[PDB]
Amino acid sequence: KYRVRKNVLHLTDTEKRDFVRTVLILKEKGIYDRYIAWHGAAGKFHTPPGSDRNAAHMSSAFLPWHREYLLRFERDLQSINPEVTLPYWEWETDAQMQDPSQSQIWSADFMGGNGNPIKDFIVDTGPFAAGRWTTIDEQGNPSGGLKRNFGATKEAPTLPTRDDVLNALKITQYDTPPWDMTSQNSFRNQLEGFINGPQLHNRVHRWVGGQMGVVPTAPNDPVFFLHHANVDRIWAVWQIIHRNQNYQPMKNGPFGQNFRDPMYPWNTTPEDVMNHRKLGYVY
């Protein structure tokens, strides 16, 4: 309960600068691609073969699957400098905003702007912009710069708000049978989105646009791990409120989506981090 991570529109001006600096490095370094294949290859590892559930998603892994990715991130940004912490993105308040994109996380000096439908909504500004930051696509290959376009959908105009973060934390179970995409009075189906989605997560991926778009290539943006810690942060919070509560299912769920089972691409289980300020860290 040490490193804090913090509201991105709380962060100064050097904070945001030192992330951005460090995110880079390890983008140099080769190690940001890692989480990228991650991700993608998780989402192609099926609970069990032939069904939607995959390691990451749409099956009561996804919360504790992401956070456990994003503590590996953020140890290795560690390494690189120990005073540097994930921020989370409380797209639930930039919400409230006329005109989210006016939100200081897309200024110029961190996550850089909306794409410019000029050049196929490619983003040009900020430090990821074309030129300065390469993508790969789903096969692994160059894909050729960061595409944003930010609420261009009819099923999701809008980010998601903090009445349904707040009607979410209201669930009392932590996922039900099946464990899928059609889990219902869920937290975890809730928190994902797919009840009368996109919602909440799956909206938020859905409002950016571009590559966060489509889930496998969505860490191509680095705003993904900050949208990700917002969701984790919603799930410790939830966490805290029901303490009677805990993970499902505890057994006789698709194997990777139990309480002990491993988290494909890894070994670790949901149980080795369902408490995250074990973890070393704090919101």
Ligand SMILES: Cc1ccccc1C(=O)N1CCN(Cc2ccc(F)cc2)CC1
Second form
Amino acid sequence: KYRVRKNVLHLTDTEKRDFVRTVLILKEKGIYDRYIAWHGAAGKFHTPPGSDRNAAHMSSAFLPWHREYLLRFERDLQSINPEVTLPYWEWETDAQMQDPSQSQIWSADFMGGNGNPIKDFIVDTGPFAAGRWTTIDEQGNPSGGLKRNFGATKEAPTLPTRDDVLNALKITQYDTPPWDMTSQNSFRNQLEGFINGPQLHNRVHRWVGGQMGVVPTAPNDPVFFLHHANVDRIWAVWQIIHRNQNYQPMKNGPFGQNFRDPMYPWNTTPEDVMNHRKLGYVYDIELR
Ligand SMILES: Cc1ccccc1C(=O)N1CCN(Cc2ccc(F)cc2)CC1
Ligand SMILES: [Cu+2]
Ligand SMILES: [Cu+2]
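The form deposited with the named molecule bound is what I want next, because the block you gave corresponds to the form deposited without the named molecule; please supply it.
Time for the whole complex; same chain goes first.
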């Protein structure tokens, strides 16, 4: 309950400056790239081989994997500046806007704006604009700049709504067999966004576009972490409401998906990260 993770819209000018100031540093040192690679590596690690489940997505481990993923990044952030925590992008309230792209998160002093259609949707405003921020492709090679294209697809023309989030929180089971994209009455799958997809988490990625629109290159966009922080916040809320509901599967799931299994590419288990408070952080909405 030490580190407080704040709503992006609640950040001060200084807090925003410091966060962005801290991220380019991780990037400059070569630490940021470690996170891009981890995500891509886990995405291609199938549980079991030949299945469409992987270590980080389309399965039960989706939530704890990104929580650990998000946990590690923050610590790296703190190592540069102990006053800096990972904020979250409350995309459900942005969806209430007629044009979500006018949200403050996309201001030139924080995340920067939408892609330039003249430059094939390269981002040329903000701290992470092309020439300020180098990107890497699926194969781990330099790719030439961040891209974004808000609501440019028919499958996801809009961001998920507060109701979408509220309905997900109603689900009683954390997850259900066969522990994958096809799971029904499943909070993880629902939140992931595979129920009548794309919805929620998956919808956000699709909405943003650019690197965020594909699994192996999504972390190239710093907003990926703000996004998943919100996803993690939602999960945390679900945990506080359904206090006696626990992670599933406990056993007999694919290896890497069970409660006591190491979540590739780490040795961290879902168990090790079930309680968001034991990891040393809390969301601001828990204190209000
Ligand atoms: C194929 C499909 C089926 C259902 C819902 C969405 C989609 C889809 O096209 N996505 C493309 C964009 N990301 C991919 C993605 C997922 C998780 C990440 F950490 C990073 C990137 C979200 C899902
Ligand atoms: Cu992911
Ligand atoms: Cu994601």
